[PDB]
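Single chain ahead, by itself, as structure tokens, in the form deposited in one PDB entry.
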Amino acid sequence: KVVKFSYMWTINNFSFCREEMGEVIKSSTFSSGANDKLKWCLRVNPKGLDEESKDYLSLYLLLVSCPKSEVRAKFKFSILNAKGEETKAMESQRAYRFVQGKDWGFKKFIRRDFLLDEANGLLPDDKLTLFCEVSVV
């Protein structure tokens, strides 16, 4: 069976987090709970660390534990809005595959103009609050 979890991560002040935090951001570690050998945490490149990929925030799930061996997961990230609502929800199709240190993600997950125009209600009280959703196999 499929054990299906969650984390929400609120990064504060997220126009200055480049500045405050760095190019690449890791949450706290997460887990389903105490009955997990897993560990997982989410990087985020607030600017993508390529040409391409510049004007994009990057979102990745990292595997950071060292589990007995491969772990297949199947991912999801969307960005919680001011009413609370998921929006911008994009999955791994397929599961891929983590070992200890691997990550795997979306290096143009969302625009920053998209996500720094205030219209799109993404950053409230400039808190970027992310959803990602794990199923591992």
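Each form is matched to the other, and the largest set of C-alpha atoms that superpose within 1.5 Å is called the rigid core. Numbering follows the first chain given and starts at 1. Compared with the form deposited in another entry:
- Annotation: the position in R97, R94, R111, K68 displaced by at least 2 Å at CA between the two forms, with the core superposed, corresponds to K68.
- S28: CA moves less than 2 Å between the two forms after rigid-core fitting.
- With the core held fixed, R18 shows a CA shift of 2 Å or greater between the two forms.
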Given for the second form:
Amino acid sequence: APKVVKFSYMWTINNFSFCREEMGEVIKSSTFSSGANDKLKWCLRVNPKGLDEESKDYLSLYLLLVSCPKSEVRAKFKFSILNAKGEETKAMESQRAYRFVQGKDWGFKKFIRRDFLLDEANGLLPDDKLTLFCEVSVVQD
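Can you swap the form deposited in one PDB entry for the form deposited in another entry?
We keep it simple here and write out only the one chain, dropping partners and molecules.
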């Protein structure tokens, strides 16, 4: 029986329209963890303008294992955008658990097309803020 710990983190990126124009910008959340108290620290990482040429039309979104003194940790994850009413939308999940090590991320290079994000009718940048919600399910050996 795998032993699984569920935790989550909400991140608001303020002043989204002030992200850098040149490609390559990385923005990261504060670190977060489960209560399991095992020295693991995670964060979210966003490339507002894509990771590379093929993905330049998208925002990329990754889960990063920032600190981990053990060889490896397996975890499932899910990311959602919170809309102008506070509800989850446009979520995508990893489906299976991915193997993290310290400094490794897993996520979605093409999380959402930027033109959809920047279309006010979709209500995803209210007050120039992008709010993302990450749910993680980590396997505890």
